[PDB]
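*Asks:* Residue strings, one per chain:
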Amino acid sequence: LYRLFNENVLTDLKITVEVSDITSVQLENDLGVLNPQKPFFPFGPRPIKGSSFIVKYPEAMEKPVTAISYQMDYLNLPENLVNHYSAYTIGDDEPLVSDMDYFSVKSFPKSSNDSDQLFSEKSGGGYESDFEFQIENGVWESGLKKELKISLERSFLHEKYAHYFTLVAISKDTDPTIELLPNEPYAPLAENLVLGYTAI
Amino acid sequence: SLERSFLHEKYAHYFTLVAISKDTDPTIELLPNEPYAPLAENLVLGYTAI
Amino acid sequence: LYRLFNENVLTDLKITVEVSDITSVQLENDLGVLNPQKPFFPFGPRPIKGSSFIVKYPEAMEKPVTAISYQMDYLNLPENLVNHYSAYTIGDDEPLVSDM
Amino acid sequence: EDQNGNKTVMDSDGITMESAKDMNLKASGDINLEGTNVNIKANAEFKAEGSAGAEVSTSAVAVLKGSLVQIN
Amino acid sequence: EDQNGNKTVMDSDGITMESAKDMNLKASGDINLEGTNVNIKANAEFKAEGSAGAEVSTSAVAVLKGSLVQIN
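Chain order of the listed sequences is A, B, C, D and E. Going by UniProt numbering, the letters in the first sequence line up with residues 401 to 600, in that order. Going by UniProt numbering, the letters in the second sequence line up with residues 551 to 600, in that order. Going by UniProt numbering, the letters in the third sequence line up with residues 401 to 500, in that order. Going by UniProt numbering, the letters in the fourth sequence line up with residues 510 to 581, in that order. Going by UniProt numbering, the letters in the fifth sequence line up with residues 510 to 581, in that order.
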């Protein structure tokens, strides 16, 4: 083999690196640094319209990256989410949360998911999230900050709980039952994030 | 500086009056919304000197 | 050029400097200092008549500045700020907030 | 080492300073302490002040305890 | 300077001390630190104790932050 390379001329070198199972990432809220070891609130303990969640990993961001992604678990989700808000209606008793499309986000680095939905069905019980991104020529867009950022289109209605609770309780038309009272709005506490990437 | 407030000091007063009305049945459309506080981002500056 | 400027006496020099897209600014409100890299509340999380918001940038303020300006974004704005306060009325049900 | 029991030693375990009576560290500028773990103990009292404010912070958990805690 | 990498320097930038491994400051009396700006950093943990109480104060703004703050 040594004899075969003395006069033959090398012209091209290609290097591909693939990394998986990374748990050493940096996480941020609108309120500050999050501690990844413990359960944390992406989008805050009281999520609002426009709240965000940011994932950072300098080792990948300094390379000519072409692909990147992560996953998360949720902790005390309700058994069914659309039904969870059946007591929150407007006009002629029409639900604010019609279906799962209610819960959507924007990806600023432009995610490759088929739809912009926040929760995806877990093959078991409960929900997980999944996000995947691409960069056409391994060239980061100008103006983006080398971080992965997702923001909420609509709130989880924390600001309405007191109003609906009161109205049921003081109704003179009906006798309140447990099925007519609103459930507590959900703040999406989470844990166990995992990242992966490709650079060329 | 602000000329007029965003009415945070009045929320409790209006909420109460609707809730205890004897003339009308309160509905969600009649209750006051929480007063706004103007959260902001992306401040950008430019100057010129000669 | 060297030869051309050997005898032609210089009388006047004018210097103009234009700078844009500055983000390292010091921000303050009545309660203290802001982190400009995160969404912040300019007049506080809860505002009163007379409260204020101050922007400072020493690098420009020490120069003979002829013009200066800034821009901001608002988040979570209700769809209509006037309709938002329709429940807040006085006298014969007249809105406190009649327009922008 | 002096005759009054004051002593400074530099060796394989790092730098040790001991005082027979007291110790005064002063600067006209800033004082900067760094290390992996900083441990401050007093057998009577601990105080800290700043004329332009003070701050205690961490990325994990802040803890304030005593038999009685008073704030302003 | 010693053979183990410990070093002390006094020059135009003030006084610098570095330790190869660790650093122990002890006194039988009080320890008094002063300066315009006092900055303490740790890469793992920071602790402070007092058997007769502890205090953090300022004339401007006191700040306590962490991912979780617990009081008693």
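Some clues are possibly wrong.
[Said to hold, decoys possible] Calculated pairs, DSSO-like style, for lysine-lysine (alpha carbon to alpha carbon, straight line, at most 27 Å):
hint, chain 1, residue 1, chain 2, residue 2
1, E, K516, D, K574
2, D, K516, E, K535
3, A, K545, C, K456
4, E, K556, D, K574
5, E, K516, D, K556
6, D, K535, E, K516
7, D, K550, E, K550
8, E, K550, D, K556
9, E, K574, C, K456
10, D, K574, E, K530
11, E, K550, C, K438
12, A, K438, E, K556
13, E, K574, D, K530
14, D, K516, E, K574
15, D, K530, E, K556
16, C, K414, A, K545
17, A, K449, B, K572
18, E, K550, D, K574
19, A, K463, C, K438
20, A, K438, E, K550
21, A, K456, E, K530
22, E, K556, D, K535
23, E, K574, A, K545
24, A, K438, E, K516
25, E, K530, C, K438
26, D, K535, E, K535
27, C, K463, A, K456
28, D, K550, E, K556
29, E, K574, D, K550
30, D, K535, E, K530
[What the hints assert, rightly or not] Some but not every residue of chain D turned toward chain E, in silico, with C-beta under 7 Å:
hint, residue
31, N513
32, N552
33, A553
34, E554
35, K556
36, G562
37, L577
38, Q579
Honestly, the hints are just simulated from the structure, not real lab data. A virtual CB, placed ideally from N, CA and C, is assigned to each residue, including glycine.
*Asks:* Against this structure, judge whether each hint is valid.
*Replies:* Cross-check of the supplied hints:
1. E:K516 to D:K574: violated (38 Å)
2. D:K516 to E:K535: holds (10 Å)
3. A:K545 to C:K456: holds (24 Å)
4. E:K556 to D:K574: holds (12 Å)
5. E:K516 to D:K556: Given pair E:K516, D:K556 is violated - Cα atoms ~30 Å apart, limit 27 Å.
6. D:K535 to E:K516: Holds, because 20 Å separates the two Cα atoms, which is no more than 27 Å.
7. D:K550 to E:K550: holds (17 Å)
8. E:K550 to D:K556: holds (18 Å)
9. E:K574 to C:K456: OK: E:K574 and C:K456 at ~26 Å, within 27 Å.
10. D:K574 to E:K530: Roughly 31 Å separates the two Cα atoms, so the pair is violated.
11. E:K550 to C:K438: At roughly 24 Å apart (the allowed maximum being 27 Å), C:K438 and E:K550 satisfy the hint.
12. A:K438 to E:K556: Holds, because 22 Å separates the two Cα atoms, which is no more than 27 Å.
13. E:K574 to D:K530: Violated. E:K574 to D:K530 sits at ~37 Å, over the 27 Å cutoff.
14. D:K516 to E:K574: violated (39 Å)
15. D:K530 to E:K556: It holds: about 25 Å lies between the C-alpha atoms, which stays within 27 Å.
16. C:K414 to A:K545: With a Cα-Cα distance of about 37 Å, the restraint between C:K414 and A:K545 is violated, given a limit of 27 Å.
17. A:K449 to B:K572: violated (35 Å)
18. E:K550 to D:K574: holds (21 Å)
19. A:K463 to C:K438: holds (26 Å)
20. A:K438 to E:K550: holds (23 Å)
21. A:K456 to E:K530: violated (33 Å)
22. E:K556 to D:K535: holds (22 Å)
23. E:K574 to A:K545: Holds - the C-alpha atoms of A:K545 and E:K574 are around 26 Å apart, at most 27 Å.
24. A:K438 to E:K516: Distance ~41 Å between A:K438 and E:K516 Cα, so the pair is violated.
25. E:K530 to C:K438: Not satisfied, since the Cα-Cα distance of roughly 39 Å exceeds 27 Å.
26. D:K535 to E:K535: Cα-Cα ~16 Å, so holds.
27. C:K463 to A:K456: violated (38 Å)
28. D:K550 to E:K556: holds (9 Å)
29. E:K574 to D:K550: Given that 27 Å is the threshold and the Cα spacing comes to 22 Å, the pair holds.
30. D:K535 to E:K530: holds (24 Å)
31. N513: With a minimum Cβ separation of about 12 Å from chain E (threshold 7 Å), the hint on D:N513 is violated.
32. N552: holds (6 Å)
33. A553: holds (5 Å)
34. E554: Because about 5 Å separates D:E554 from the closest Cβ in chain E, which is inside the 7 Å limit, the hint holds.
35. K556: Constraint on D:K556 satisfied, holds at 5 Å.
36. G562: holds (4 Å)
37. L577: Violated - the Cβ of D:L577 stays beyond 7 Å from chain E, reaching only about 9 Å at its closest.
38. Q579: violated (10 Å)
Of the numbered hints stated above, those contradicted by the structure are hints 1, 5, 10, 13, 14, 16, 17, 21, 24, 25, 27, 31, 37 and 38, listed in ascending order.
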